[PDB]
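Next up: just one chain, as structure tokens, the form deposited in one PDB entry.
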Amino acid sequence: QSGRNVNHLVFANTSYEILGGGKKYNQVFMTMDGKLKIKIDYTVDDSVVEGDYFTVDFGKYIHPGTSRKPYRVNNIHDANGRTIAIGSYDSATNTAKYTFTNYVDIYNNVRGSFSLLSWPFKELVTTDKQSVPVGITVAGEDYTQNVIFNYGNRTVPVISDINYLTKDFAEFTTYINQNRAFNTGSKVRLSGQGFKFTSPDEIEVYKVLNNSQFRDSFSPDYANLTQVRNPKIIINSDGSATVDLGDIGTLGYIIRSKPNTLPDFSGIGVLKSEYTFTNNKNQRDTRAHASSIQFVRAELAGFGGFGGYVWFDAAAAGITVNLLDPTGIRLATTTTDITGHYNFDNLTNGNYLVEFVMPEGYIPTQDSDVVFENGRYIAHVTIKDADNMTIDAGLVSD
């Protein structure tokens, strides 16, 4: 522990705001920009010090973030962008921790606000128009409001949604023939922008026993659906996939697919289901549904790390290295080990300063260059998921 739990010294007032296509109707429209925004205004007792922390427990029904998992929380800042506290999230306890920086040692009368976007757990908020008691605990005080969620699961030939996204793939859910019309020669093409298929293994096919299984949240209980054992799936040359369901009659199907994120993709991704079928009067047609999702693959994990070496220009052991925000607030500290190496891991993607604390009478040798700025020797580093710059420092007598 860097400090103590100071929930009793952080005084927070909370409200919710519904965003997206259902705001006028007081509903979170999960497939129309719907999110639940949590807005927190707080004050902090002057006795709080660097390393102390407060918590936000998201309770039973929601998590911070939206589609990309694992979920994360951002740092919290003052009006000038100075970091007041570092945000971390623990998935097992669905709780965020906000750990105060040296901001609280530089300033008194610490106060601020911040907001979080949040989404429901789709396995608990399962049903369109479900009103759930969204109870959270903010710095040790409960706040609850009932919130209505709606996924717009229409009883139609084809509808699909993105269940979740990870750095490597999305899980895409396609519902076929919920209207239970008589259909023959049923084929489904799954296609994307920013995504591709490589193997039939990325696609699972399920026949529903009854309509109860078409869960509105598009996160079905697959453990209670038996896969079609040998589905007919072809991976096309364009990276799409075609599933031949055959003469399904009035049966309903769910297709659970895991299209891969494309390296280098940056933009508004799309996942689309096209369902081609023939009806009871021998008319063949194609219906389609598409869902959009903004992402940058290089930043999709949302965090990364970096390190480097310090030496006398002999490894320099036990040199203090601080991680600062661009305004000079201390976010973390470490020391070089016996080999002269240091590192910082699990850093939210963004820009940082790396401060090397000079031993008396030493200066660096000679972006990643260690320069004298605002009384400190610092390099600049930009953190993304992977391939971050190594940040080294050679030291010489002044």
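Positions refer to the first chain, counted from 1. Superpose the two forms; the largest set of C-alphas matching within 1.5 Å is the rigid core. First, how it differs from the form deposited in another entry.
In the core-superposed comparison between these two forms, the C-alpha atom of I378 has shifted by at least 2 angstroms.
A displacement of 2 angstroms or greater separates the C-alpha positions of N280 between these two forms, with the rigid core held in common.
After superposition on the rigid core, the Cα of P220 moves by less than 2 Å between these two forms.
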The other form holds:
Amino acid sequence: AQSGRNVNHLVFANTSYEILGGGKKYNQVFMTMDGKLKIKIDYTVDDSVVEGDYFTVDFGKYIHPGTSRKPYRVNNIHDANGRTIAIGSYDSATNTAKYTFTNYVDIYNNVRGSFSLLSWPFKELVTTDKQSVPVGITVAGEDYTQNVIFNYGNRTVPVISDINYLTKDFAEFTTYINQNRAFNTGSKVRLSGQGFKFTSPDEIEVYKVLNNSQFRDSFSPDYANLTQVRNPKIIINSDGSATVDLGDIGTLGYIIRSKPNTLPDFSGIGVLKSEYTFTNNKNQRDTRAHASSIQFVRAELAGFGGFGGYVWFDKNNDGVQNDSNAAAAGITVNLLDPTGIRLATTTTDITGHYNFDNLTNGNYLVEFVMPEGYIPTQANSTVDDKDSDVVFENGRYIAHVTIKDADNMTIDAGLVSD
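I would like to compare: after the form deposited in one PDB entry, may I see the structure of the form deposited in another entry?
Shown below: the chain alone.
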């Protein structure tokens, strides 16, 4: 890995916020419409900054980068030609992004520009509709704060729901029942997804609510302080919908915390519909429903992957991995963007292997630095798990790799004397 230092003191950032979505005209982030908080950063970089140095963005107490999909990520920073200025990484433990300068800063001087991020509140802290919070962050060591109002549009109604968060494999959906605290009997809830399916009752948890304050407007309840119905009557239907029989709830509120699975190959507007059927305090049957929507493409939902490979001395010059005592240790491997900027570096270990992990989805070049007197062997001469993948292309010894939500791709290099 490329070494470097924290250069917050050499990068100057000017920051502003912009509220996006339907609440902009009300100066509010409308969390269940299309709302998010856009962070806009203008930055300058001193000439003394070098490849591997980095600046940080501390997102502080109330917000994180990204929106619905976890784990959260940040994108790389590019110039107008698409060249990578800095690679972006995010650590959830410190709620901080790290922007590590590439060799861009060793080609170009007076580096400066702008980038932006989308951000969302921690729903366990920003709990309440119309709540103003001091959104204080630090960008390259420069503090910025502004008060921002969030609104989830919670309503005191028999049934309402939201998607709490989304992951590669499942979403967590929150269904609130009887916030209106009507006397209800014969209460049942049917959960039906598009782009999502249930397989098992253990994917659904049911909680009683005695105090309305526990119905967080953010739809991310403090479950540790709610009594769980640990034996709930749940049926998974043949179509992958689920029915929850709550029984005679009386005036109690209920929360259903569900984790439907994302469907393989799904691409579009996913939906979970919560349909609540019950007998009201007039002894009349009633049916009410609420549906929550989320755009996703399952195949790229993680947003990152990784790859690695193997370097060896191709002792019989055939381009095949059929050579003994041949692993090449200490070979430098550089990861480049398509413009030729170096994003990362590593070296093969004693076993001949290298890898790059936690790589944002996209197209990369993989460059192998030749030991003195060596060149790549014949490329692509056999089956793709036993060949050498490196060619001389555009002045470099490289292979191409595309990262898309997988870490099983391999890129190997066989070496022969020149």
